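K.L.:
Okay, here's what each chain looks like letter by letter:
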Amino acid sequence: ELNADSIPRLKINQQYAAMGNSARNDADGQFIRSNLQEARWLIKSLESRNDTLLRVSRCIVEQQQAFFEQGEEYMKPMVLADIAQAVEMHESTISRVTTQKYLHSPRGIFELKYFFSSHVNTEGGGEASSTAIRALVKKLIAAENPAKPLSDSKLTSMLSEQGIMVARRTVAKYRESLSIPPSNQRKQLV
Amino acid sequence: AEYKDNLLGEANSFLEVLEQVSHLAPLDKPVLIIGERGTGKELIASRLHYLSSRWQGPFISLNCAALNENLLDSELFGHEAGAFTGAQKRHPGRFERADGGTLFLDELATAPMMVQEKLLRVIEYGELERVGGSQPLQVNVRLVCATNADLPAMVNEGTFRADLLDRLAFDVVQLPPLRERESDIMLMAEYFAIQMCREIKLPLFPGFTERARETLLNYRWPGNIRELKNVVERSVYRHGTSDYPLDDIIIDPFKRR
Amino acid sequence: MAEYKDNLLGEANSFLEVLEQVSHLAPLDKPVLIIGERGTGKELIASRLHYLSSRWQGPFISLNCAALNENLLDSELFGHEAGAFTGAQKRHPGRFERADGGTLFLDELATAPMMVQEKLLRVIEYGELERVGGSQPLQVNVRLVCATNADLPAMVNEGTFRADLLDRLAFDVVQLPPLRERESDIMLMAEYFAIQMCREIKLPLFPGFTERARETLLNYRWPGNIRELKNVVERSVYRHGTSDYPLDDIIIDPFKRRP
Amino acid sequence: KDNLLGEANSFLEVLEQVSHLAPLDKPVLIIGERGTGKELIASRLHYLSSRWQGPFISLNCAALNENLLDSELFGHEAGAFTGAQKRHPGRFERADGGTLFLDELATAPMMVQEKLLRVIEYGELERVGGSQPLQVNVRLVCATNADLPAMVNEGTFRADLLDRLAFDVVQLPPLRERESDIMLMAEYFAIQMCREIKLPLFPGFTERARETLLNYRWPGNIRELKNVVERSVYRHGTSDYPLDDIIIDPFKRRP
Amino acid sequence: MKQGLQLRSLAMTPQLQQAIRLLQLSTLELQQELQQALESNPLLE
DNA sequence: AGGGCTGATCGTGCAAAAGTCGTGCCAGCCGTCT
DNA sequence: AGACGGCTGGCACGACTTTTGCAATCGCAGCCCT
Ligand SMILES: Nc1ncnc2c1ncn2[C@@H]1O[C@H](COP(=O)(O)OP(=O)(O)O)[C@@H](O)[C@H]1O
Ligand SMILES: Nc1ncnc2c1ncn2[C@@H]1O[C@H](COP(=O)(O)OP(=O)(O)O)[C@@H](O)[C@H]1O
Ligand SMILES: Nc1ncnc2c1ncn2[C@@H]1O[C@H](COP(=O)(O)OP(=O)(O)O)[C@@H](O)[C@H]1O
Ligand SMILES: [Mg+2]
Ligand SMILES: [Mg+2]
Numbered sequence: 001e002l003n004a005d006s007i008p009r010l011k012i013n014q015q016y017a018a019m020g021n022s023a024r025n026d027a028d029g030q031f032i033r034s035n036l037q038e039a040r041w042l043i044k045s046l047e048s049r050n051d052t053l054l055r056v057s058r059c060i061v062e063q064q065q066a067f068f069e070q071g072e073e074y075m076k077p078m079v080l081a082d083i084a085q086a087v088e089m090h091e092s093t094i095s096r097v098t099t100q101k102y103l104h105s106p107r108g109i110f111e112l113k114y115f116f117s118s119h120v121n122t123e124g125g126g127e128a129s130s131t132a133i134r135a136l137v138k139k140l141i142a143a144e145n146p147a148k149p150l151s152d153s154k155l156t157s158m159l160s161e162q163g164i165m166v167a168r169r170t171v172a173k174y175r176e177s178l179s180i181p182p183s184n185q186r187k188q189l190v
Numbered sequence: 001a002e003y004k005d006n007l008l009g010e011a012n013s014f015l016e017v018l019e020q021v022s023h024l025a026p027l028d029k030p031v032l033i034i035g036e037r038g039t040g041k042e043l044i045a046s047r048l049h050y051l052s053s054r055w056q057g058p059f060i061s062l063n064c065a066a067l068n069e070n071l072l073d074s075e076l077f078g079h080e081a082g083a084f085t086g087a088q089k090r091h092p093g094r095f096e097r098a099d100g101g102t103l104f105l106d107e108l109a110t111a112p113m114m115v116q117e118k119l120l121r122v123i124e125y126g127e128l129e130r131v132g133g134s135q136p137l138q139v140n141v142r143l144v145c146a147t148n149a150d151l152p153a154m155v156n157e158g159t160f161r162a163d164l165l166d167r168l169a170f171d172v173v174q175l176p177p178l179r180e181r182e183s184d185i186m187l188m189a190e191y192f193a194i195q196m197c198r199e200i201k202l203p204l205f206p207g208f209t210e211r212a213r214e215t216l217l218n219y220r221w222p223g224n225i226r227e228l229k230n231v232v233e234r235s236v237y238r239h240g241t242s243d244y245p246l247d248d249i250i251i252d253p254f255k256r257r
Numbered sequence: 001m002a003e004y005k006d007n008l009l010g011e012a013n014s015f016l017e018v019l020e021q022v023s024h025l026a027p028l029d030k031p032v033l034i035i036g037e038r039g040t041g042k043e044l045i046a047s048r049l050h051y052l053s054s055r056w057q058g059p060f061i062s063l064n065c066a067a068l069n070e071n072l073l074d075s076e077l078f079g080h081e082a083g084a085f086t087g088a089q090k091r092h093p094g095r096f097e098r099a100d101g102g103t104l105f106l107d108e109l110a111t112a113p114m115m116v117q118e119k120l121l122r123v124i125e126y127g128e129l130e131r132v133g134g135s136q137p138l139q140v141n142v143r144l145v146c147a148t149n150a151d152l153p154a155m156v157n158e159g160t161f162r163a164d165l166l167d168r169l170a171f172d173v174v175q176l177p178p179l180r181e182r183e184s185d186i187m188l189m190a191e192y193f194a195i196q197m198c199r200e201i202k203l204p205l206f207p208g209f210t211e212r213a214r215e216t217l218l219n220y221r222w223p224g225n226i227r228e229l230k231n232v233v234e235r236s237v238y239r240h241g242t243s244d245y246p247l248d249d250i251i252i253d254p255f256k257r258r259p
Numbered sequence: 001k002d003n004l005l006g007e008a009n010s011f012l013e014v015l016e017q018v019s020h021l022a023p024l025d026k027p028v029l030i031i032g033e034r035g036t037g038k039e040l041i042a043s044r045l046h047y048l049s050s051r052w053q054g055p056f057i058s059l060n061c062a063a064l065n066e067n068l069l070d071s072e073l074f075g076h077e078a079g080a081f082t083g084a085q086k087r088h089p090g091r092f093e094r095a096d097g098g099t100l101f102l103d104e105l106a107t108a109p110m111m112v113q114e115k116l117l118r119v120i121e122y123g124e125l126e127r128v129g130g131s132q133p134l135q136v137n138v139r140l141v142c143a144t145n146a147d148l149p150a151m152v153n154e155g156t157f158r159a160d161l162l163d164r165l166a167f168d169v170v171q172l173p174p175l176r177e178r179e180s181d182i183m184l185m186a187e188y189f190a191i192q193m194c195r196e197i198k199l200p201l202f203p204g205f206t207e208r209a210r211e212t213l214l215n216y217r218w219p220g221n222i223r224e225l226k227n228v229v230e231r232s233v234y235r236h237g238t239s240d241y242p243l244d245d246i247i248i249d250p251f252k253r254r255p
Numbered sequence: 001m002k003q004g005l006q007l008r009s010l011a012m013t014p015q016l017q018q019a020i021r022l023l024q025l026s027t028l029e030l031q032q033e034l035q036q037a038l039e040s041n042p043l044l045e
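Protein chains in written order, with my numbering: chain G, 1 to 190; chain Y, 1 to 257; chain U, 1 to 259; chain P, 1 to 255; chain X, 1 to 45.
Don't read these hints as lab results, they were simulated from the structure. Among the clues, some could well be false.
Listed next, with one range per pair, are the computed distances between beta-carbon atoms [to be verified]:
{"no.": "1", "chain 1": "Y", "residue 1": "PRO136", "chain 2": "U", "residue 2": "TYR245", "range": "36 to 46 Å"}
{"no.": "2", "chain 1": "U", "residue 1": "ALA163", "chain 2": "Y", "residue 2": "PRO152", "range": "29 to 39 Å"}
{"no.": "3", "chain 1": "U", "residue 1": "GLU211", "chain 2": "Y", "residue 2": "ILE251", "range": "51 to 61 Å"}
{"no.": "4", "chain 1": "Y", "residue 1": "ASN156", "chain 2": "U", "residue 2": "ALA163", "range": "28 to 38 Å"}
{"no.": "5", "chain 1": "U", "residue 1": "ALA163", "chain 2": "P", "residue 2": "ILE191", "range": "20 to 30 Å"}
{"no.": "6", "chain 1": "Y", "residue 1": "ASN68", "chain 2": "X", "residue 2": "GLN32", "range": "56 to 66 Å"}
{"no.": "7", "chain 1": "U", "residue 1": "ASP249", "chain 2": "Y", "residue 2": "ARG220", "range": "31 to 41 Å"}
{"no.": "8", "chain 1": "X", "residue 1": "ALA11", "chain 2": "Y", "residue 2": "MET154", "range": "27 to 37 Å"}
If the Cβ cut is set under 10 Å, some of the chain U residues that face chain X in the computed set are [to be verified]:
{"no.": "9", "residue": "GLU70"}
{"no.": "10", "residue": "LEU72"}
{"no.": "11", "residue": "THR86"}
{"no.": "12", "residue": "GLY87"}
We put the CB at the ideal spot given by N, CA and C, even for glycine.
My request is simple: use the sequences and hints to build the entire structure.
P.N.:
Laid out in structure tokens, this is it:
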């Protein structure tokens, strides 16, 4: 549901709308008509932004319902072109106006780009993403000895066991993205 | 994972075919068929796609018949921009339809031999033959076929070049004839009786006379499943039929008075 | 330089010598033609020459001859766009125009229209550019590749192929060792495909080859040279069985109804 | 504007015909088999024509787009359903006294034939949706591989084309007919080839097979001559590569 | 299928383009911009 | 008296140069057991 | 008491995104310039 209270409403001054036609002066009427045209263009722009946002949001929530329900660990690889193809979303107006949209859902507060998760490989016609990988790596590092955290190689093994097949290079890279100490640096005396 | 919908495939050979499909399911290669008429083959193809349970949609579903002009199935490998007249942006379609998927080849034998050659040329290397000047692009997707057409016959005919014919040789399926299947036929008959009673939500499944099932057997039954589905609604068409069992099955839509 | 053959499914009999001749012929860019049978390594030979696309910048251009439907095929030759056709768009040059200098792999279909082949041949002979319009042909060199899948001088007699196009074509042929001819790595490339199949299956281990199976392999007419051999290889691999038996039954004719 | 002269007395007389015609702009035909080099001679006339600094550039008769035939010689001015641009005239409009060798005339549509039959009319260039035609003088020239009378008995080209036939189509002598500098032509072609072959010189050389090649079909005067020359050379590629046992049989099964 | 005649629009640039560019902005970015714009117009509410 | 010339209107994209992530890849480093 | 070893982050390339920078010729006819 679009935040209609957070959705501004553009009202036209109807008193000016009734005070211009009677203007026997052409300059006042022309200025009023130009102002009305500009205001109508602006209001239509805001409304089109809202409507396209609602449509793409429905498409993403359909795509990210698994991300909405199970969470970032089950965040599917979501892209604009795929979403635009899936929901018949704008081919370029969407790419423009996609910036700065936020949503409150059972998962929490999520950005517009936060809904779209990157693409990662999965065999057997399955598919994989990025936020999924981040949450899975967080769990795997949690599923490590308190004295010895999970290795980036161990994280790669865990990802491959999950079928993610992140491999050690992306495993270390995402652990850097997750900003956690891996095995030989998170090592602590038991 | 995802479970394929129930199919009345009670033939023991049908179970065997299902098993063969099951073995092939982890595999990923061409899948052809003998295309028995009135026989619900691409339903089995879907059960395959379902058996694969691939993420996203790999169960493309398009025939060849509507591709009357060569351009149509030609546009199964669509157009990019401005080749001929661009009626809409990125005329490409039906190709990425199984982006990471598989293709269902229906009405395949009717396809143009030039069209067939184009398809085969796509098969191995995977190059995107987009009409209009551009660069190709592969995609890891598959294909599958099912047709009453006799492949050895067409090879004698040379309707498609032999290269493609062999290129397709990775999994065959000879569906049993409608006149071949009898016990499964009556089983699915009761099944469709119940299924109609459900979908229409009519208060009572009327039943059918023993004479009703016997006469339906005496019916031509050219399509074991496709004809049966039409007969199902044909009896469902009758009003008050649900209240009491009746043998009123409407074969001919043109039948009247 | 030299790039490792990603596949060298080659015949020690004379496709060794054939490959040697190809390597000798490779450096120049003059007319390049081949010859072969239904599914007889000829795409693989195309890859051979594409590796033999010497140095770098080997722009692989494919000419799937029996494609292009009917109508705009003409444009696919020359170049679309401008305001010309039912549309208007930027200069999508013809497929030959699209690749400048590239490798022109002929699909050995033998086009029904000699004039259409002749129009391609005139552009193939030289490119003077199309400064008038993209509807025309342009000023492009290209490596060019041909092959044979049928009887050339017969069609010359059969009038199927224009003599002038034939005279320009086949400056140096490349025939192929058939399944009825090559017959060299039959068991060798056979187990090669077998290992590929096992690795694809992630298979435990190769059960082996039956002497009856090997005898059948020798006896095979092999209607398709390269692939159909690999085809039956895949056929047996899918047929599969216990690791106890090295090989069972014949996969030469999958078409045959399953027992 | 020259090449590896076949060095023939017939060639001498044909060149004489060309030179006699040189100033003239009359439409011209030719019936030359592949390797004849009549096109090369034609363009040699074009550069050597009275209009030495003239716009002389051919366009294969086979080229034209199925519907763009009007858009072939004439060129788009306004409308045409494009809805934009389409303001560029035809290369034939781009001619104006220049040359466009009517190659491939052996196969153009009877439709193409009649449209050109209009082009055979003196001047009057009409374009799409036009106001006033253009009487644009242009030099006409063509060559064919076959017999104009043969087509005529077939009726293949309308006799309008025969009217379009204007200048006496000189014809290239057959390979068996030409037989002029076969060793010398081989010598020049092989000089060029070894240049491309980058080998030093033909230490083998020899000429018994040169006379053997004098007993050759030679279907293309330059199409096959040099073609077989290079075929044999590349099969050799060695310094000591003589005229002995070098065959022209690329289709044939070598051993 | 082939080519002949037949076949046949356009968008707007600058003013429509500026209006569209205003929407790619943030929510409160659009709100403050709307306030600043409404500061001028005598025919809006 | 004849030519220039004027814009009042003409509005949901894209494209383009740029940037930026994914994944890899690689190089030194420290705990330690040798 | 120096090498193993995984860290761990620097470095890399393309691959997906992306933001901005972009409006007209209408249309006559009267007015201005010539
Ligand atoms: N298990 C099933 N459930 C629902 N519909 C079915 C089932 N099996 C077959 N059908 C129906 O039968 C019709 C034709 O089936 P089929 O004979 O496979 O087609 P074809 O004539 O191409 O072989 C299809 O429209 C399909 O809806
Ligand atoms: N070593 C190999 N590596 C890859 N493919 C091979 C190999 N040996 C045989 N094949 C297969 O055999 C076939 C070669 O024949 P191909 O060139 O496709 O047929 P055609 O001659 O009709 O064009 C292909 O299907 C190819 O994949
Ligand atoms: N006098 C010549 N010197 C060198 N090469 C020639 C000569 N005449 C013809 N050729 C060769 O003939 C080829 C052109 O073929 P051509 O004879 O024009 O075919 P056609 O006559 O059927 O149009 C060119 O590659 C050119 O090298
Ligand atoms: Mg069917
Ligand atoms: Mg010629």
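K.L.:
All hints, please: hold or fail.
P.N.:
Hints versus structure:
no., hint, result
1, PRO136(Y) to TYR245(U): 36 to 46 Å, "holds, 43 Å"
2, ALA163(U) to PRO152(Y): 29 to 39 Å, "holds, 37 Å"
3, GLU211(U) to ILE251(Y): 51 to 61 Å, "holds, 59 Å"
4, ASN156(Y) to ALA163(U): 28 to 38 Å, "holds, 32 Å"
5, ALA163(U) to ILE191(P): 20 to 30 Å, "holds, 28 Å"
6, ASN68(Y) to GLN32(X): 56 to 66 Å, "holds, 58 Å"
7, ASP249(U) to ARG220(Y): 31 to 41 Å, "holds, 39 Å"
8, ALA11(X) to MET154(Y): 27 to 37 Å, "violated, 50 Å"
9, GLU70, "holds, 8 Å"
10, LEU72, "holds, 7 Å"
11, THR86, "holds, 4 Å"
12, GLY87, "holds, 6 Å"
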